[PDB]
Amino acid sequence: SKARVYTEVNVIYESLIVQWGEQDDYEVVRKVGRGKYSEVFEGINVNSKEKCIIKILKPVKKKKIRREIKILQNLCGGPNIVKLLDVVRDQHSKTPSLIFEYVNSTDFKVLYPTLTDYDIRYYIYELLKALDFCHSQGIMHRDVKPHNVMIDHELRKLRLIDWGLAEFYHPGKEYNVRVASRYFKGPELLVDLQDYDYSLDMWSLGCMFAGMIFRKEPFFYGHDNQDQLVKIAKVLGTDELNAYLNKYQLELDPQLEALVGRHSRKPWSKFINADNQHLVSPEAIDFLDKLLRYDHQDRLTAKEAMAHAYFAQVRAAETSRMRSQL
């Protein structure tokens, strides 16, 4: 199982030596969040007085650290990718820090309930730009979720952040399935299919999208990794799951097989209610349906997603803006 697109980018991060900057150029002001091996801070460039994001990495595995840096530097300038400003170190202590552009973002739990139909089409399209670019550079993000999509709603600005789980794609290579966050893990991760690709990010985006238009966050709400497959099965159905398992010659553990049980496919229209109906359209459902597929090879690519009719008005507005600016 290979990818449909960008299978030969890294055919046409260990031995990486990074160029450390001065840690005194930046100062930590406020803590905003933490990670499994990182803490994130609002900071300041004491020279330019410009705000920034400071990510101090608990020096766990330097291999993982160098990987994230190599990737971020490869994506610099890319549409809607977070911009790495600098990479600095204690010089005495081993502890490194990643310096990023500041994004005055609204937390999705507050923002998403206020999004309109136009907002959703607009921001998903901006996120797709980011995924298309990094996939074109031969990179999987592997942690797409609302927390890693920073939106400054006032500036209509979106940035894809947190590239700690990002990886270079090599065709046929078997990857760690311990990636992404539970609610946004694709079927490949849950049935231990290790030769996955860019399409993993497209499932995750599909989960986010479903969450927004149905106002159901998260959409697939498993109590654990096994229950997560069950929640997916209860919507997509078990027959397409069996075809999926057969295609890639996979077998579920008998206990997991029992939990999944048997389920018919559930029409997307079942999730429509009076509260979310203004966010839902035949175009939105068609688009969603082409993202949330068991078979990663059947999912839309980022580029194919951007050409979907759902984004017709977003494209047309851009084109009209271009002609006018000419």
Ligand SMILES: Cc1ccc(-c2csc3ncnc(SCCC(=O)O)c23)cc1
The other form holds:
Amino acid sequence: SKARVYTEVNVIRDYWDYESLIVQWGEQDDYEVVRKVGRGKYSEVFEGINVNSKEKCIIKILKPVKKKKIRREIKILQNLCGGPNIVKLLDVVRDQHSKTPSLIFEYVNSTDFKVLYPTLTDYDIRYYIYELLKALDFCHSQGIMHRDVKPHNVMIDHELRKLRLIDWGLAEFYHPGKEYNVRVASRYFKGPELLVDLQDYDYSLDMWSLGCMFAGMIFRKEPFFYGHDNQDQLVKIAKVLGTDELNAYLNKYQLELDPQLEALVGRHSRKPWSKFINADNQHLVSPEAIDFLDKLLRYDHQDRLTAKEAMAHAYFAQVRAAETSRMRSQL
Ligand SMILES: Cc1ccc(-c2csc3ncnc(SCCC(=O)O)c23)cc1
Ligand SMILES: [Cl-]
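Other form of same protein, the form solved in complex with the ligand, not the form deposited without the ligand:
First the chain shown before, then all remaining chains and molecules of the complex.
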């Protein structure tokens, strides 16, 4: 198993050697903590202030534990800095005596997806998914897998029509043929590759997670695939994509389910995507939307659209045409 795109990025390049990175710490006294805004598995997140500049920022304090993960996240953020719709890392700092490091980010005045997504229109979804594809195409082109794509990690300032892809703490450089930990991403957004222990996965894992978000958006069904645990997650996928396509995916990739998991999966016909249409989401669903979704949510990661191919899909024609018209008028 090898990717259809970008296999040669970390093989024709200190670029991906994050373990040997030496961090250029800034002055911790430059940023002050004002309010806790959330928690992560290894971190706490605060709103802060740049005392010199007086501008708002986000302060992520990472438990001094897990130093190689800290440097992986810093390395990846620095390599992506300036890329389209990637959260900006402003600084890296730490106490001096306590050692504990803090990642300083731009502040996005976001609306939490749980309240925002039910208010999204057809146009909004095409717009914001296109903005997110810009970030994934970019990071994939730099040879980086995000591996935690989900609405929680997509900050949308809806008033500014502004989107940022955040939390690169699980991101990793792609090396063709390398085997990767399959304990990444969040349950509802895990791709089949992870749920059946296919370890030589690639950027297309992010495109499965995107397809999960997109299906949740257009069908107003979050999460779309609602497993009660990691085994039930594959069951819930199988109840949609069908077991025929699964057992052919498994066949193609030399994989065999734990007899106990195989039993849980059972046998299921592929359901048509039209089954998820109802009166309350019909305005978000079009033939193009369904076709795009169908091209993302496929067992075979090799058969999914790449981020670049996705941006070329008909569903985004009006978004591309709007950018083209604006650029023409502004010139
Ligand atoms: C658990 C949590 C809490 C707060 C926020 C957040 C709200 S607005 C906002 N604007 C920019 N960044 C963040 S998080 C720092 C970036 C990262 O972890 O990659 C946030 C994001 C996640
Ligand atoms: Cl602090």
